[PDB]
Structures are given as structure tokens and as C-alpha cells.
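Just the one chain here, laid out as C-alpha cells, in the form deposited in one PDB entry.
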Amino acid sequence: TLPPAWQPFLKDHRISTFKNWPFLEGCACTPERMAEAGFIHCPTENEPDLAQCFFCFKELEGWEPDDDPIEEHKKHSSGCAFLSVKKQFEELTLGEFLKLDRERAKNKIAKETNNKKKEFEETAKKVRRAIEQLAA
């Protein structure tokens, strides 16, 4: 089998992650059509339709039946390199594949970074608010 770390590159792995995905047969954003776009299902309490590009880590919720996952992905993360891979996985070379996996690694850090930033900003809003009240 394939090393687990590499599995999300596989459409069949990504599809398998959709458990209790509301949008099925008649819909445009089926698990299959979603995995083909690079998403995996990663639901929460307050965001049960949450999905994520495995490659650029863009997160989208609030899906609708007529949502074309590829169209939604291009709009929200036009920079996503996976969007550009026209070749089939087994048709790739290790070289190509190794370069791709590298760009993943970076995207992941940049995402980890952007998150850290957002959490920072939320703290600071709490910090300012607290000082203003303490001055009044």
C-alpha cells in the first residue's frame, strides 16, 4: 500500500473521508466530485459541511447542491498548484511528485502561519477592549 502521509494525493482516499456528507446523488458537490477537486471532509459541531483542499489547505463551508467544487476551489484559491496538475497520479514521475509534495509542505506552513496570525489578532482585540474598559 501507499505510505499514509501520501494518501490524500489519491482520489480514492479523499472520497473515503466523506462520512455523513449531506450532498449526494442529485447534487453537483458529491463526495466524488469533491475529491476530484482536492477536498477532504473535516466537519465540526458548528460547521458540519466543512471541507478542505488537501494541497493548499483552503477551507470552505456553507456548500450548496449546485456548487461545482472545482469552480469554488478556483475562486477561493486560484494559486493552488493541484488545480494545475492535469496528469493522472500514476502518470506522474517521482521528480514531479516530489516537487508537488514539497509545495504542499510549504502551503501547510504558510497556513499554520496564517492561522497563528488570525489567533494573534483575536487576542489583541480582547487585549485592547480590556484596556479601554480599565481606563474608563
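Numbering follows the first chain given and starts at 1. Only residues modelled in both forms are compared. For the two forms, the rigid core is made up of the largest set of C-alpha atoms that agree within 1.5 Å on superposition. First, how it differs from the form deposited in another entry.
- With the core held fixed, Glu121 shows a CA shift of 2 Å or greater between these two forms.
- In sequence order, 121 to 136 is the sole run of at least 3 consecutive residues whose Cα positions differ by 2 Å or more between these two forms once the rigid core is superposed.
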The other form holds:
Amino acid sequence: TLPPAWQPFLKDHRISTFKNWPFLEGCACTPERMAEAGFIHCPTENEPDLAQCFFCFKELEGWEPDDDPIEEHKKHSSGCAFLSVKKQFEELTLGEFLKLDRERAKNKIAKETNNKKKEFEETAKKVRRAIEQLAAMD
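The block above covers the form deposited in one PDB entry; next, return the form deposited in another entry.
Chain alone follows, minus partners and molecules.
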């Protein structure tokens, strides 16, 4: 019907990921709302309320019932283009859609790159210290 890579652009798909979301009727951050804001549910053992924007890859936990998912996306990743998108999915032109998918691809890379950077810096701190320790023992 539509290729798996592109399904996260669809609100109905995003919604469907919220398998066991705790915040339901009565709350500001319902699945309908989380999905409208671009969030995929992707919980861990560690933080089972974990949610990620499919477009800018910002990850957010510690959700509270009165949290407006849009306000939170705006606050925590103000530069996310998905926020600027006013048209519905079917109303986009292919050029527009393709322009968007490229941005997302670039965002995914930037996220992966920033992760590798932080892990590498961590590995470098361990190595440096170990060598200093040997120099200290000297």
C-alpha cells in the first residue's frame, strides 16, 4: 500500500505504534495528540514512556498528563521542519514530499553522527586516563 520507509509520515501509522501508552482519555498527551505532533512510541525497559519524532529524531521521556506534545516538540527541537508542515499528507506534491524525505534522511545522519561523536569522546576519555595512570605509576 505504501513502502515501509515512508509509513511514519502517516498519522494513522504513528498512532498505531502507541501500543501500551499510559496517557489516554483525560490527558493532553494522548496517542492521537502524540501522533499529530510526529511522535513514534519506542519504549525501553529503562524508560517505558519513550517517544521519538520520526522526522527530527529528538527523543523525549518523563511525559506528564498535562504535556501538550506540540508545545514539547517546539520547546525541545524548535528547528524540526515537520512542525512547519501545514498541508495534509495527500495534499503534498511529490517534489514537496521528496524535499522533506531528503531533510529527514539528513536529520537521521546528523543524529547518528552526533551519537558516534559522543561515544568516541567517551572512549577517548577512558583511554587518556588509563595512559595517565600508567604515567602516574611511573
